[PDB]
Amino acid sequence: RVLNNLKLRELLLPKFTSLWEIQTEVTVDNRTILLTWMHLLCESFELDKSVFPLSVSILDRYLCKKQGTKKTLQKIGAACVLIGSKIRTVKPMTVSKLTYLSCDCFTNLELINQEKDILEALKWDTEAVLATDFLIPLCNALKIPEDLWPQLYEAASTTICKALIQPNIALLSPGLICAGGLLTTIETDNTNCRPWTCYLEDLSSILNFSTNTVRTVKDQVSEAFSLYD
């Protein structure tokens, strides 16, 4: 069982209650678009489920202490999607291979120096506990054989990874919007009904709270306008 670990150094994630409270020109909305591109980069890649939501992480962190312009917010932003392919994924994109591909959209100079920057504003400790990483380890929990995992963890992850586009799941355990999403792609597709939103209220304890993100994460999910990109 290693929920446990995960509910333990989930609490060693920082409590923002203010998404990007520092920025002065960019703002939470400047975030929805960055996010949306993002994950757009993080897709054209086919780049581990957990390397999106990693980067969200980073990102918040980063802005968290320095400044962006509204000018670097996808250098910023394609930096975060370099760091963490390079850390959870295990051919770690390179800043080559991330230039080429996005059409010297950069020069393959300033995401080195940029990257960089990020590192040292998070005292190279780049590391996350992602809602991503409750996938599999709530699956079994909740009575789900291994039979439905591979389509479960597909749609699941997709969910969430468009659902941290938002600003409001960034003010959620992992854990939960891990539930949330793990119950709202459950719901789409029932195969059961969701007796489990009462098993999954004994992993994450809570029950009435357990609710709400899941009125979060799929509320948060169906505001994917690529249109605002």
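By rigid core we mean the largest C-alpha set that fits within 1.5 Å across both forms. Numbering follows the first chain given and starts at 1. What changes on going to the form deposited in another entry:
In the core-superposed comparison between the two forms, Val129 has its Cα shifted by less than 2 Å. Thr197: CA moves 2 Å or more between the two forms after rigid-core fitting. Superposition on the rigid core between the two forms places the CA atom of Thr94 2 Å or more away from its counterpart.
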The other form holds:
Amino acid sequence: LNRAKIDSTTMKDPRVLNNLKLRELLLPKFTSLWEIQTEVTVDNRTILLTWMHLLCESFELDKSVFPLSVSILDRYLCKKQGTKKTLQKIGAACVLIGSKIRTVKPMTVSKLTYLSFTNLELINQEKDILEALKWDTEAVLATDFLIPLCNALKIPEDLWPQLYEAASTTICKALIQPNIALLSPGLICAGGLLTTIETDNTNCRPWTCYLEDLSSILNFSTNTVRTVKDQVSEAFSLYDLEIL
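What's the form deposited in another entry like, now that we've got the form deposited in one PDB entry?
The following holds one chain only.
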């Protein structure tokens, strides 16, 4: 299987960054995490999100399959009540749906059930999430912003493959944590690059030399950017499989 390579239309066109900024405003900002929820909690999510991420990491899915599943799941869990038991059926349906959209070889029902509820109950749960959201499943993922933000930042084009791999990875683990769920996709992403550029010492400027321009680019204050970096790096650091 061959991979999508640079496309000026899709990554260097300045109105792609613009339109991302826009459709970012089509996912209404969550008041608080899982407000509509009486039983399960944020604690129950960091876990399930952790399994889900692993399930996405272990089966080598495209980097943008886990952000979408997290997005779907939260959204579904505004418009429906879920138990502490079903909570795993649910998150396994989200990966089922999210894979079908953002990845060429989907997770199957077998792989999702053989390791976890029946092959029918899960399908019916794909249904339930499909209805509840009225099939409006896609979304703007923190991942969608990496390359347009790299172009915007005049980062030398040939550093993109490594930075994409590093940062998309740092991003996806953060997304497991609660306090990252409130931040806006563009910002979560900006943190990703900075958290990463800092670490790897990639032949860029040092990361603080991208703060005043990421401010400009995303239209936030040079303080919101710093906090979003810190928050993200921290959420990365908070990753623990022994939580399972």
